[PDB]
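Have a look at this one before I ask anything.
With one protein chain removed, the remaining protein chains of the complex are shown where they sit.
Naming follows writing order (A and B), and every chain is counted from residue 1.
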Amino acid sequence: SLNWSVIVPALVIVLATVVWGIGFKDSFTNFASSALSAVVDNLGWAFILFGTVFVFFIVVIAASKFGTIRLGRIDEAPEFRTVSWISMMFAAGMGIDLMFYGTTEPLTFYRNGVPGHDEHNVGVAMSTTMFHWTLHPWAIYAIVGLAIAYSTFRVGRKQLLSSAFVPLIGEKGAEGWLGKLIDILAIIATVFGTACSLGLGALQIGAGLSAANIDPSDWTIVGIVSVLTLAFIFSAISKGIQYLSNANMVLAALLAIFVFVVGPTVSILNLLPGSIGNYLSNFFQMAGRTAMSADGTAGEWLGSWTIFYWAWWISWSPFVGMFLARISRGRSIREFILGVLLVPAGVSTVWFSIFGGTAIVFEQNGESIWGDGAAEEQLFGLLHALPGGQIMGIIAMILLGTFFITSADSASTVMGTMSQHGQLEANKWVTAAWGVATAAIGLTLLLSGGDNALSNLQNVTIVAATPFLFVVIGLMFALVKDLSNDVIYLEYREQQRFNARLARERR
Amino acid sequence: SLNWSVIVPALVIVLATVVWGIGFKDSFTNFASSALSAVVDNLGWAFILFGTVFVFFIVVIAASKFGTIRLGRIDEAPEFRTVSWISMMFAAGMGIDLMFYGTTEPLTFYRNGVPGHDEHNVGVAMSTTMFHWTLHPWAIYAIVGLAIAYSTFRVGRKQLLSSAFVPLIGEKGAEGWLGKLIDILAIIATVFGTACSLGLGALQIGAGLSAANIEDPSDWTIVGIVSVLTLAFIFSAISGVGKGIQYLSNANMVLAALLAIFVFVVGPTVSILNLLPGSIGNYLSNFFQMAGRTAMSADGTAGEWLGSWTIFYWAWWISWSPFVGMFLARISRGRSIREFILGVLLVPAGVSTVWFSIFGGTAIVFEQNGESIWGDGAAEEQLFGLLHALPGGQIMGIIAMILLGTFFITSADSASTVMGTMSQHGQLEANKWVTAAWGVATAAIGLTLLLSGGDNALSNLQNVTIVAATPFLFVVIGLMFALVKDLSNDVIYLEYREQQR
Partner (left out) sequence: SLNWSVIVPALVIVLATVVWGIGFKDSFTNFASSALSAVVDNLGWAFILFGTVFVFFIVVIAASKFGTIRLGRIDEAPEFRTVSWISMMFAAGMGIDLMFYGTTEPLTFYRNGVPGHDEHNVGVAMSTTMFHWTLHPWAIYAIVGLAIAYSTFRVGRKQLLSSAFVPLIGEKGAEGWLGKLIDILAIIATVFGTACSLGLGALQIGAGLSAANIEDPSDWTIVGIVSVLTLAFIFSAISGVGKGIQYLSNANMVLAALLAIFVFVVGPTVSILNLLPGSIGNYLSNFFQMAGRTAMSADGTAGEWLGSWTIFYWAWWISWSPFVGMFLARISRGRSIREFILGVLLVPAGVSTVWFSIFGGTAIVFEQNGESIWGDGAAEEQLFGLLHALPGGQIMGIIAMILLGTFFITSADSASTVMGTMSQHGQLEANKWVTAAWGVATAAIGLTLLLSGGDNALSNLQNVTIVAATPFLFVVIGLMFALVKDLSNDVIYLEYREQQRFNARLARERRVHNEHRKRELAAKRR
């Protein structure tokens, strides 16, 4: 029983873009990309504040008595071992994203420096990438994850973001004016979310083909996408996602290990203890970077970096949020939070220490893989400066390929599950539908922009993300009232008032 | 009822100082002002060390078991609602200058920069201000407000600073040396406290009239206002069925809210709005450095800046601890210390942060855009400069002027109320005569400090505020132990104490 009151209203906006953005006008879509600067200008501070708010909030609810509450029936045990549960979070913290921004990210920060420091600054440069990729985003993923994993397993509700707002909203048939709306926002956000990954993931393949066959064609993008958006429909008949799920991790294993030993090992090893310290050291300092610091200048830097990421992450929380939820059944609220923060974070700490960590060492010996200044080639260029690095580049391409599909599967499945009343049992057909409709806008962005295709990709996803921002914000409140009414916290507060009164009349 | 064993030493010393500052004695009270440097130099270490400890202390106390413990007969019906604090918290604690400082400070620290940094640093300029007006000034209040409220609304003892030292001194044996000296210094500091509040309100008016009517305060101004506000306060204190403290404060929040909301919308809204995360994050970051900004840093330079700022800021604060602290109790009963510690922390922080961010932040926004409002550089002229720079300036200016008048009568009467309550053997309710009488006891000096001829006198008291409570610093430190080695003699700890151990 598909939810059409939610499916089509979403497809109305997904098409609006592909139609009005490539077919007709085209130059007009770049008008809404001025509504970008509109949103960062005045809704900008929100992302910054509630950003760091999401990181405290979650730690404190995990630190609280809530943490003990078992996600599922009372004293329910997890379904997999700690090791297997963690062995699944690793696959959650890897994909196109890190492929793209792995090397270029910390390099840019070394190259140009971060608003508030000089250029050529390892400590800062590094601790900024962390800022983006460790605690902060995963704090979000936890908010949405816990909210879903709680309402479904504990309270006993449908697997829908709206079913997490029940404590605040009607109710009496949750999905009146809101609900449908809240879900319609989830859907849209997830599309543009994955869109970026597919998007910047695509043209990182095209730029990568300039390692085998030789330059930056245009019909090539449509090729790389369509070639893989077909393989996605192909491998949309089994799951599937689990086969390649490791096929990805092994390739990602090669790339890393390889560059660990061939590259400046001891440097890369120095970056671990080093880029965990500057992270902590600078955390608050970068927590407060807005468009006032540094002397009303960092406004631009935020738009291109810190505020992009924040939007992106949010527009992905509906996807990642279900994943971690679905997996974590059984875990305690705390075990699930501390788990969700530190686990993926370790990998995002090593990964940037390896790839973009050599890019810094290189730029210190003159080597410089800057390659004309485009990140989309930065990666391969990095490898080409290492022995047998040309085969590695080939691997990387086939890797971003396997990523394109697996990343699209999980996305479409989630977007499917919530496009039809939270049915865990995903309809094989509606899944592929959300993939093509997604890959679609993942292409509609890449094409409409030209030389700065990357730009519009990040501006729209920021736009469609902003609405949800508020959703997730509110998902705190629904999550606190949901917890304060939970048996185990209610029953405990009854035991200390009793463990107080029992000694109030014996004296 | 009127305790005349402490009224005397105070009424005489307070009269001794005013004389040694008037009648051609105006110069020898200035040389005595530079004797302040003595304390800032040798007790510098003292303030900047413990000022930060208190902040950790209440936290470490709210954190532990002592937190759950209400203050009273347990589950004792609270009383005053949420609006009780926010009002008096900023009505008695501050309000007067925190309108001049709401702009001149964040605007100064930007322009000239604080030690160990470079100028035009928005972050620092906000973190330093914030530092001077949050966790710190409210812990050296919480300590007091928590101690007293416990040694009365729990134990039952009488509301008087020495009574809270019972745990350290002895059962009633606090009558000797340590105990009488307390009440004197607590009265001196509260008499000067009001005196300084009356003085600031007067220097403000000068610039207020400059906004409305100017004219380089040609006499009449100090009297025709300080008296107007004294005679306006002496009326809102007499009428029993009036309670100006519970009203004017509420009105005060409404005026300040109005004013704030004005600039916040007409002015650089987003800037203010970007300054919220900007302020907090920065504050958290620059906390442990500016917490340890000793006069040894940097390279020995910050000596002056500290004394003129942070230090003076502390020595000044420590003074208003009796009054403000007592008030954090005279209007609270039944709500656990924990729901109180953060009550006077998380909450005052919020308002101050926001206030500065709005004003101070806007000032920086102006400073950057080239349309400054620093002009000539008088702290007392800047608030209005920023104001008149906005549509409906002169208008909002009038109410801004009124604001300085509001809370004033309260900050003075409520400052005198606590006096009347600490003068009559620590009685919650005090005679309507002793309270208002002390609220004007400073007026008798204010009119003599100007009869010297022309103008050049008040400057004394400004610096005398520091040393006016210099010793009262330690009165806090000990009060910190008298609150730890006292709660461990409470019901829950004494039962496990007198058990197997």
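As a convention for this text, a residue touches a chain if its C-beta (ideal position, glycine included) is under 8 Å from a C-beta of that chain, and two chains touch if they have at least 3 such contacts.
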- Query: Out of A:487, A:500 or A:503, which is the one that touches the chain we can't see?
  - Reply: A:487
- Sole contact to the chain not displayed, among A:120, A:180 or A:421: A:120
- Message: Using the touch definition from the top, which of A:87, A:210, A:220 or A:364 touches the missing chain?
- Response: A:364
- Selected from B:48, B:107 or B:273 as touching the chain missing from the view: B:48
- Item | Residue among A:23, A:173 or A:273 touching the omitted chain | A:273
- Note on the structure: Touching the unshown chain, chain B contributes residues 41-42, 44-45, 48-49, 52, 116, 287-289, 291-300
- Kindly note down the residues of chain A that lie in touch with the hidden chain. 74-75, 120-123, 127, 266-267, 269-282, 360-361, 364, 487, 491
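Here, only the chains that are shown with their structure count from here on.
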- What is the distance, in whole Å, between the centres of chain A and chain B, each centre taken as the mean of its C-alpha atoms? 47
